[PDB]
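Take a look at the letters that make up each chain.
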Amino acid sequence: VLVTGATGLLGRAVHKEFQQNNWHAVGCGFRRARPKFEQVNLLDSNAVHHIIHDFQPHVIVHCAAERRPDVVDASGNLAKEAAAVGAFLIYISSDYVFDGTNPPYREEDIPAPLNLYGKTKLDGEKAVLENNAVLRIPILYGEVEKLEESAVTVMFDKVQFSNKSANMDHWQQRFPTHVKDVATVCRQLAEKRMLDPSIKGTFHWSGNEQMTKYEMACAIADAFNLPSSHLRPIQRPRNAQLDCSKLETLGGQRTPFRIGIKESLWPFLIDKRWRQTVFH
Amino acid sequence: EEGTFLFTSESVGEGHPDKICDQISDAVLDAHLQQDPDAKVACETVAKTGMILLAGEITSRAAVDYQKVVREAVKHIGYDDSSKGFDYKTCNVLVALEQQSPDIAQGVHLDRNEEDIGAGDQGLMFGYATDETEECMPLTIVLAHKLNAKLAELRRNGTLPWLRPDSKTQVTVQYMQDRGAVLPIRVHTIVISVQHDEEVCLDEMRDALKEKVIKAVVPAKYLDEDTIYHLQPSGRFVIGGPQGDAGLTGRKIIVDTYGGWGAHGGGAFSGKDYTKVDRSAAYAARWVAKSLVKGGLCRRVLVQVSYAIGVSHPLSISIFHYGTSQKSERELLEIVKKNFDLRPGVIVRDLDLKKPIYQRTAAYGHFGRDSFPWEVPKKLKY
Amino acid sequence: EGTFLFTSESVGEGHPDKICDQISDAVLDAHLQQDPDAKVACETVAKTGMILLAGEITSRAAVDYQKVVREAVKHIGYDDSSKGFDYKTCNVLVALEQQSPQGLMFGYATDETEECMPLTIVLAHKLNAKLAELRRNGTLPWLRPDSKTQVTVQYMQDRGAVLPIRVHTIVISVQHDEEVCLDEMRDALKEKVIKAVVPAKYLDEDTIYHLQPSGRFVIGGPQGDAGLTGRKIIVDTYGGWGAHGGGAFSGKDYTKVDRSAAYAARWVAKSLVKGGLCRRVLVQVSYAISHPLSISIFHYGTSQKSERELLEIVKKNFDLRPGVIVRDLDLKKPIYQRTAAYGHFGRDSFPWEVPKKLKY
Amino acid sequence: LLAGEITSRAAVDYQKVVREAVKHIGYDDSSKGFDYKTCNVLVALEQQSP
Ligand SMILES: C[S@@+](CC[C@H](N)C(=O)[O-])C[C@H]1O[C@@H](n2cnc3c(N)ncnc32)[C@H](O)[C@@H]1O
Ligand SMILES: [Mg+2]
Numbered sequence: 020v021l022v023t024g025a026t027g028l029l030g031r032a033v034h035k036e037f038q039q040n041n042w043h044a045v046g047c048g049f050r051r052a053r054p055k056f057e058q059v060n061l062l063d064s065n066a067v068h069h070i071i072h073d074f075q076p077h078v079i080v081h082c083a084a085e086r087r088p089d090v103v104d105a106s107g108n109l110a111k112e113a114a115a116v117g118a119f120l121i122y123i124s125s126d127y128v129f130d131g132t133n134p135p136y137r138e139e140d141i142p143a144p145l146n147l148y149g150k151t152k153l154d155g156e157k158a159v160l161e162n163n167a168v169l170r171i172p173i174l175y176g177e178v179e180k181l182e183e184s185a186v187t188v189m190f191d192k193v194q195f196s197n198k199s200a201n202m203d204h205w206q207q208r209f210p211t212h213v214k215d216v217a218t219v220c221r222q223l224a225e226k227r228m229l230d231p232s233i234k235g236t237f238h239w240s241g242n243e244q245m246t247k248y249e250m251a252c253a254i255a256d257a258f259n260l261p262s263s264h265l266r267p268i277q278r279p280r281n282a283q284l285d286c287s288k289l290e291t292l293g295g296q297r298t299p300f301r302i303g304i305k306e307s308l309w310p311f312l313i314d315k316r317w318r319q320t321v322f323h
Numbered sequence: 014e015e016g017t018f019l020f021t022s023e024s025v026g027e028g029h030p031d032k033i034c035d036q037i038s039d040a041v042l043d044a045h046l047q048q049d050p051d052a053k054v055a056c057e058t059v060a061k062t063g064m065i066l067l068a069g070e071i072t073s074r075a076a077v078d079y080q081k082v083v084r085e086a087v088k089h090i091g092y093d094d095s096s097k098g099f100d101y102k103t104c105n106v107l108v109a110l111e112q113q114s115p116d117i118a119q120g121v122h123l124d125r126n127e128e129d130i131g132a133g134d135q136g137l138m139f140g141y142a143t144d145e146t147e148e149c150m151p152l153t154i155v156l157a158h159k160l161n162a163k164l165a166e167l168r169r170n171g172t173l174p175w176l177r178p179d180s181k182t183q184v185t186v187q188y189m190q191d192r193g194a195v196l197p198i199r200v201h202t203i204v205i206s207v208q209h210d211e212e213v214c215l216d217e218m219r220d221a222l223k224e225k226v227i228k229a230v231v232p233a234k235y236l237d238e239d240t241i242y243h244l245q246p247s248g249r250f251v252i253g254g255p256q257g258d259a260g261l262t263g264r265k266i267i268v269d270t271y272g273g274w275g276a277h278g279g280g281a282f283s284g285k286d287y288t289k290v291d292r293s294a295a296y297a298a299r300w301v302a303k304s305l306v307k308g309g310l311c312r313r314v315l316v317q318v319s320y321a322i323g324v325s326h327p328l329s330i331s332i333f334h335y336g337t338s339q340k341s342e343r344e345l346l347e348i349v350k351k352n353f354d355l356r357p358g359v360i361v362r363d364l365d366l367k368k369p370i371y372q373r374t375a376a377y378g379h380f381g382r383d384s385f386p387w388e389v390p391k392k393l394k395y
Numbered sequence: 015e016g017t018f019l020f021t022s023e024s025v026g027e028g029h030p031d032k033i034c035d036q037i038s039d040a041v042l043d044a045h046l047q048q049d050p051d052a053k054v055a056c057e058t059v060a061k062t063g064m065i066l067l068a069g070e071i072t073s074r075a076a077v078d079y080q081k082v083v084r085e086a087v088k089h090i091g092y093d094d095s096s097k098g099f100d101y102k103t104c105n106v107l108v109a110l111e112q113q114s115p135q136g137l138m139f140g141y142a143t144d145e146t147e148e149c150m151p152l153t154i155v156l157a158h159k160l161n162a163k164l165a166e167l168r169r170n171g172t173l174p175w176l177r178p179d180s181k182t183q184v185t186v187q188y189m190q191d192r193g194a195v196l197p198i199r200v201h202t203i204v205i206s207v208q209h210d211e212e213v214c215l216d217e218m219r220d221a222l223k224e225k226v227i228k229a230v231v232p233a234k235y236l237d238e239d240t241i242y243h244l245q246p247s248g249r250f251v252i253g254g255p256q257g258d259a260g261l262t263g264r265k266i267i268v269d270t271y272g273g274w275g276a277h278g279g280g281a282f283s284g285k286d287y288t289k290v291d292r293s294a295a296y297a298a299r300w301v302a303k304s305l306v307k308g309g310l311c312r313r314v315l316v317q318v319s320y321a322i325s326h327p328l329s330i331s332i333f334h335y336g337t338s339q340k341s342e343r344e345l346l347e348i349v350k351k352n353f354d355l356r357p358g359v360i361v362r363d364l365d366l367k368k369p370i371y372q373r374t375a376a377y378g379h380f381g382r383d384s385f386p387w388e389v390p391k392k393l394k395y
Numbered sequence: 066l067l068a069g070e071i072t073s074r075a076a077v078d079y080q081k082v083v084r085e086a087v088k089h090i091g092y093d094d095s096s097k098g099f100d101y102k103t104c105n106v107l108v109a110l111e112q113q114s115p
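Protein chains in written order, with PDB author numbering: chain F, 20 to 90, 103 to 163, 167 to 268, 277 to 293, 295 to 323; chain B, 14 to 395; chain A, 15 to 115, 135 to 322, 325 to 395; chain C, 66 to 115.
Pulled out of the complex, with its shape left as it was, chain F reads as follows:
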C-alpha cells in the first residue's frame, strides 16, 4: 500500500481512503513528507528501491501532483520495481492528451494534444505501459490546504471579492472531479485486481457534472449564497470529456459538486481566514 505524491491533494485523499478501510497504508513525497509520510524522492533511484524492497507493498499508486497552469519525468523506474514485487502500478494521467473535438473520448482512442503538459503525459504512459494501469482523470478539486492546490479552488478569492470584477473562461468544458471520488475508484481497482486479473490497459474516470470555469464560479457562489454578478463570461482541448466506460462497466463513486466544493472551500471564507491565527 504505497502512495506517491501523498503530500499532494490527490495523494492525501488516496492514503486516507485505503488506511481507514482495512489497509496498512504508507504514503511518501519529496517536499515536506514527514511527520505523516516516509519521505522519498522519485528521481532518486536507490531511495525508491529501498522502501519498495523494504515495505512489501500489495499495491502502488503513482499520483501526478499539483495544478494551476493551464498554459521532465521518467516514471518507468517505478513499473520495473513495482512489478518486481507482487503488486501492480496505477499511473494517474490527464485528459490533456486528446484534442478535445470528438467527445466522449474513448479508452482506446488515439491521443493528439499540444505543447507543455500535452504529450508529456504520454511519455510517462509509454514508459509505464511498456515493461508493464493508466487511470486518466479530468481537472481535480478536493479538500485543499491551500487554494492553489486545485485549479478549481484558486477561483474562490475572485468569487468573494465583488469590489473588483473578474472574467471567467466559458470556453473550456470540464468535469470537476473530487479527488476523494478518485480515491475510492483507486481503492476499487486494487481491491478487485488482486482477485480478478488481468486488469490493465488505459482507463478513464470522471464525475458526471459538466461545467466551465464561469459555471464553477457561479456554482460556488450559489453554494455559499454569494453574489456572482461581478463575474464575466468570455492550445488546450475545447472539450475532452473522458468516456468513463470500463470501470463504470464493471461497477465508482460520485459526490455532487455543490456539496463537495462547499465542504472543501468553507475554511477559505474571508471571515474564517481572519480568525485563523495561532493566538486569539
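The reader is advised that the hints may include incorrect statements.
[Unchecked claim] Simulated crosslink set (DSS-like; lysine-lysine; CA at most 25 Å straight-line):
hint, chain 1, residue 1, chain 2, residue 2
1, F, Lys55, B, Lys307
2, F, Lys315, A, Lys340
3, B, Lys340, F, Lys305
4, B, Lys234, F, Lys180
5, A, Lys340, F, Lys198
6, A, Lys53, C, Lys102
7, B, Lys163, B, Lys88
8, C, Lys102, B, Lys88
9, A, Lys350, A, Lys289
10, B, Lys307, F, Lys315
Because the hints were derived from the structure by calculation, they are not lab data.
Based on these hints, arrange chains B, A and C with the ligands on the given structure of chain F.
Relative to chain F, chains B, A and C with the ligands alone:
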C-alpha cells in the same frame, strides 16, 4: 519560508520545589476530602532548605495530621536522605492554617442549595483543545510531561537507580499553521536536566536519557538527525529540590495547563476545593473545549468563562474556534449554553470534584490525561 | 452581530499576593540601590500577622529587611489590627540564603487603548487605583487596602483587530470597615469609582454591576487569604490576552530573563503599534542555550507588511541581547516596587512603555 | 530559629554561624536526626545600629 513557527513548552518533575508544594497542597486537600467531602480548603505550601510551611485557610470536619501528610508526600516524591538535599524523616514542618473567613463563608456557601452556591471568588478561566494529538493537547506540553513521567517511573522501577526526583524538561517543536489548526512537524529541540547521585559518569546519563527515556516517549516520526539534544547541559545537578532553592504552590500554572498555548486567567489549582472556581471552572472549561474538538465541531478552540464571588452563574462565556469550524463562533456558544451548566454547584456533580485524587493532578499536567473526568468528552445535543 | 465578550481582572495593593509582590520588589530595590549587580530570587509569603521572606540572594549589600517590609506594609495601608494587619506589630521572618561574591517570552500590544493594552485589564487596573486614591484622599474613609476588580468588555471583530463597544459587566469587591452600610458602599463604587474611571460612552443602562457581591468584606488582607509572590502573573501582564510562558516578575533581578526579556518583548510590541506598522501584534522570542534564536511576529492580519518585513524592522531597531536590554531599559536602577501593583504594562512611566521611533 | 533584640554595627552571616556551630557539635547527617548542611535557619532578630 512557509508559515512555520517554533514553540516550546516545559515540564518539571515531582522534585522541583514549586511542584513539591503543589503536590503537598493537594495531599492536604485529599486528606481533608477523605473525611469531609465538603471541606473548604485553600492550602498554600512553601518549600525551602529543610522546611515545608503550610499556610492558608481550611474549614473541615476532618481531623488531619499535617506532619504525617506532609512527610508522607515528601517520601512518595523520594527525598529521604541528606545526600539528596532533603529528608522527610528530619525536615522542618511548620503549620499556619486558620479557618476560612466567615465573610467568605456567608457570601459563598452558607444556607444555600448546592446548585445555588456562588463562585468562591471572582476570576476568569480558559479551556483549550487541539486535534494535533489524541489527548487534544499541544504536542510540546504532552512530550514535556511524559518525559518527566518516564524519568520518575524508571527511577522507581530501579532501571535507573542513580536518578533523584528533581527534573526539568523543555520541548520545542516546529509547527505549521493549517487553516486555523496547528500541525507539529518535528521536535526541534529537547532539553533534559535531572538530579542524580554522585557515582555516575556524565556520558552514561546522556546515553540513558536518549536511548532509555527520549526514544520511549517521543515518536520516531518527530525525531530526526537535525533534532538538537542538550542532555544534562552544564553537568552538575548532583544536589537538587528544595536545598539551596525556594518553591511555592501556584508557580507552575502554565506547566500545569497548556504549556503556553491557549490562554490562562492566572488562577492556580493545587490546594483548593471545588468552590474555588480557579480550579473547578478551569476543569469545566477544558471539558467544554475537548468536547467540541472530539465532537467534530472544530479542530482547535479556546473557551473563556468568568465569575463573580457569591454568584452561581458565569458572568460571561466566550468561544474562539480560530476559524476551524464551519459553524460561527456564536453558534458554538449557543451549543455550549444548552449542553453545559457551569455553576460550581453543578460542575462538582458533573466532574465529581469531591474525590480525594487531586494529588494525582499535581504533576505531569492537569489535562490530556486518562481517567480524569474533565478528559471524558460529553456527547452534545444540537 | 459578530460581537463577543472578554473579561480580565485586577487587584488592589492590599490583596495578599500583591502585597507579596511589592515586598519582593522592595527587597530587590533595597539591594540594587546599594549593589547594582545584586542577584535576587526573593519569594514573599503573607498570612495573618506574618511576612516571611524566602529565597536566594547574592549581594554585597546589607539590607535592613525589617524596615523594608514594614515600610511597604505601611505604604499599602495596613497600619492597624482593626484592619486585619499592622506593619507596627507584624512578624517578619527571614529565611533568605545570602552570599557575598532556554525559554519563550511574549510581548503584546493593541491599539484599542491609548496605553496600548486590552481595555479589559486597563479598566480593571484603573478601578483598583481610584479605590486606593480615594482611600488615601479620605474621600471614602471606610475603604481598606484589599480589593479586586473585574471588567467584561463587549468587543467587535474588525479585520484582525478588536473594537471595544461597551462595558458589559463590572465587578468590584473591596475590604471595608464595620461602620458603612451596603447601599452606601454600592452607591459610592458606581458613582465615585466606576463613573470616574470608565469613559461615559462605554457605560449604558444595560451595563451589569456586581458591587460588593460577597455582601461583607470586613475580614481581608493576609488575614482573609494567604498571599504569595508570583501568583498574579496574568494581572501583571495582559489579562488573558496575548500569551504567557510562565515566569513571575517580582523578586527577580534583571539577570533573570523571565523579567527583562518580557519587558523588552512588550517594548517591541508597543513600538510596532505606535509606529502604525500594525493595529495589534504578539511578539514571540525563543532564547537558546547570544541573540534570541527564533522570533515570530503575529500581526493578526492587521499589518500591510509581511511578518518577515516586520522582523527586519525589528532587527535594525532593537538589540535583544540580555546584556544590551538592561542598558537600553536602565534595569539596574532600583524602582521595581512601582511595577508590582497595577500591572507591569500600560503605564508611561516605564522605559519599556516609551515607544522607540523606528527607522526602516 | 533565632529570635531577640540586637543593637550593633556588625554584619553577621547568621547562615555560617548557625551552620558552623551545628557542624562542630557533630550534626552532619539525616541518619543522626539533624544536619548542618540541610537544616532550615530562620531569623527574626530585630536589629538596629546607632
Ligand atoms: C475569595 S478570597 C479567598 C480565597 C479562598 N476562597 C480562601 O478561602 O482563602 C481571595 C481574594 O478575594 C478577596 N476577598 C477576601 N475576602 C473576601 C470577602 N469576604 N468578600 C469578597 N472578596 C474577598 C481578597 O482579595 C482575597 O485575596
Ligand atoms: Mg507550583
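Consistency of the hints with the structure:
Between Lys55(F) and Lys307(B) the alpha-carbon distance is near 21 Å, which keeps this suggested pair within the 25 Å criterion. Proposed proximity of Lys315(F) and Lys340(A) is supported: the alpha carbons are some 21 Å apart, at most 25 Å. Under the criterion of a C-alpha separation no larger than 25 Å, the hint pairing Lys340(B) with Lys305(F) is consistent with the structure, at around 13 Å. Pair hint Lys234(B) plus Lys180(F) holds up; C-alpha atoms about 24 Å apart against a cutoff of 25 Å.
At most 25 Å may separate the alpha-carbon atoms for a hinted pair to count; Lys340(A) and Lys198(F) meet this at roughly 22 Å. About 22 Å separates the Cα atoms of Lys53(A) and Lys102(C), which keeps this hinted pair within 25 Å; it holds. Between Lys163(B) and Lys88(B) the alpha-carbon distance is near 19 Å, which keeps this suggested pair within the 25 Å criterion. For the given pair, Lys102(C) sits about 20 Å from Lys88(B) by alpha-carbon distance, which is consistent with the 25 Å threshold.
Using a Cα cut-off of 25 Å, the hinted pair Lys350(A) and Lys289(A) holds, with the two alpha carbons roughly 22 Å apart. For the hint linking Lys307(B) to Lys315(F), the alpha-carbon distance of about 20 Å falls within 25 Å, and the restraint holds.
Consistency with the previously given hints is maintained throughout, with no hint failing.
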